[PDB]
Amino acid sequence: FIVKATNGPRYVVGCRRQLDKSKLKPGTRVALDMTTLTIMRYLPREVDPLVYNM
Amino acid sequence: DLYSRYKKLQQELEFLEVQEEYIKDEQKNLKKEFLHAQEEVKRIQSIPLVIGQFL
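Protein sequence lines, in the order shown, are assigned to chains A and B.
Going by UniProt numbering, the first residue of the first sequence is number 69, and it counts up by one from there.
Going by UniProt numbering, the first residue of the second sequence is number 39, and it counts up by one from there.
Treat the hints with caution; some may be incorrect.
Stated by the list, open to error - Quick list of in silico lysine-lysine cross-link-like pairs, DSS-like style, CA-CA up to 30 Å:
| no. | chain 1 | residue 1 | chain 2 | residue 2 |
| --- | --- | --- | --- | --- |
| 1 | A | 72 | A | 89 |
| 2 | B | 62 | B | 45 |
| 3 | B | 80 | B | 69 |
| 4 | A | 89 | B | 80 |
| 5 | B | 45 | A | 72 |
| 6 | A | 72 | A | 93 |
Simulated from the structure, these hints should not be mistaken for laboratory data.
From just these sequences and the hints, can you work out the full model?
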């Protein structure tokens, strides 16, 4: 998978072992490893509350 | 000199036939060495590669 460091660059990662590779669709947010940098844990969220406040 | 020339042609022959075997073994060896070169260098794979640009 190609991930998005929110200050910058883009990488190549993998899962831990069994992180449900069908769940990790383009559009999810994951937690990335510190050293290995690969995917650790999925998350929700999304962005600007001008959609939300209406 | 037909007792000593015919003695030593055999000698230098058996010498070179021994000496062939060294390079036969090294040719057996270096193909394995080149395969180890191939794969153990081509482990240069995706340690988590970064996206950039080429100019």
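Which numbered hints fail: Structure breaks hint 5 only.
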